[PDB]
Amino acid sequence: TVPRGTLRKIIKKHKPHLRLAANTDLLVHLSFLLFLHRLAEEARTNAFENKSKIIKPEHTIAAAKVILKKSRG
Amino acid sequence: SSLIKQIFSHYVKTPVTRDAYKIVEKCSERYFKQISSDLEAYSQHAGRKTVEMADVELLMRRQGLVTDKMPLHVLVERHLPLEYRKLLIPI
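Protein sequence lines correspond, in order, to chains W and T.
Using the deposited numbering, read the first sequence as starting at 4 and increasing by one per residue.
Using the deposited numbering, read the second sequence as starting at 8 and increasing by one per residue.
Okay, chain W solo, but in the shape it has when bound:
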C-alpha cells in the first residue's frame, strides 16, 4: 500500500511542470524504497560499529551522506 497522489505531489513540490506518465510513479516509489533499504543497511552497520543496540541519529546521518551520494542520477 502507498499514496500515489502523495508521490505525484512531492515531485510537483520540487518541479511543478514535471509530468509523470501513468505508472512511472510506481518506479519512483520503488527507487525510494530501495533508497530506504540502502539507508537501513548502512545505518545498521554504523550502529553495529558502535556496539549500539539501537539505531541513533548519527548512524542515520553518516549513512544518509553515503547513500545520497550513491543515489545521484
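Keep in mind that the hints were calculated from the coordinates and are not lab data.
Errors might be hidden in some of the hints.
To be verified - If you only want the chain W side, here are some residues facing chain T, beta carbon under 10 Å, derived:
| hint | residue |
| --- | --- |
| 1 | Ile-13 |
| 2 | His-20 |
| 3 | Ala-25 |
| 4 | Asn-26 |
| 5 | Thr-27 |
| 6 | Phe-35 |
| 7 | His-40 |
| 8 | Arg-41 |
| 9 | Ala-43 |
| 10 | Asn-53 |
| 11 | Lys-56 |
| 12 | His-62 |
| 13 | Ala-67 |
| 14 | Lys-73 |
Idealized CB from N, CA, C, for every residue including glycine.
Assemble chain T onto chain W, guided by the hints.
Just chain T, lined up with the frame of chain W:
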C-alpha cells in the same frame, strides 16, 4: 510520515530512536528533491515534459540498482506488491 517509519523499521530490523526516524524523514525529503532534478534533466534532455518508464529505469541504473545481473523487472517482482507488479509487469 508514519509510512516512512514502517518501511525503515521493516528494513533495519532493529530498534530506532525517535530522532533517528526524524532524520530518515529529512533525508527522504532530500532524496526526492535530488531525484526530481535528475528526472527533469532526463525529460528536458529528451526534449519533452513527461517522465517515462525508461527515465526512471535510467535513474535506477545510474544509482547502481539496475545492472546487468539485476534487471529492473527483478527489483519490481522482489519489492512491490502484487497490485503494482500487475500494472508494471502484466506479462
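Against the structure, the hints come out as follows:
1. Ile-13: Constraint on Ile-13 (chain W) satisfied, holds at 5 Å.
2. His-20: holds (7 Å)
3. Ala-25: holds (8 Å)
4. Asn-26: At about 5 Å, which falls below the 10 Å cut-off, the nearest Cβ of chain T leaves the hint on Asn-26 (chain W) intact, so it holds.
5. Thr-27: holds (5 Å)
6. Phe-35: holds (6 Å)
7. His-40: holds (5 Å)
8. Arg-41: This interface hint holds because 9 Å falls under the 10 Å limit.
9. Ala-43: Holds, about 4 Å.
10. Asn-53: violated (12 Å)
11. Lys-56: Check passed: Cβ of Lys-56 (chain W) comes within 7 Å of chain T, closer than 10 Å.
12. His-62: Check passed: Cβ of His-62 (chain W) comes within 7 Å of chain T, closer than 10 Å.
13. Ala-67: holds (4 Å)
14. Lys-73: holds (6 Å)
Going down the numbered hints, you'll see the structure goes against just number 10.
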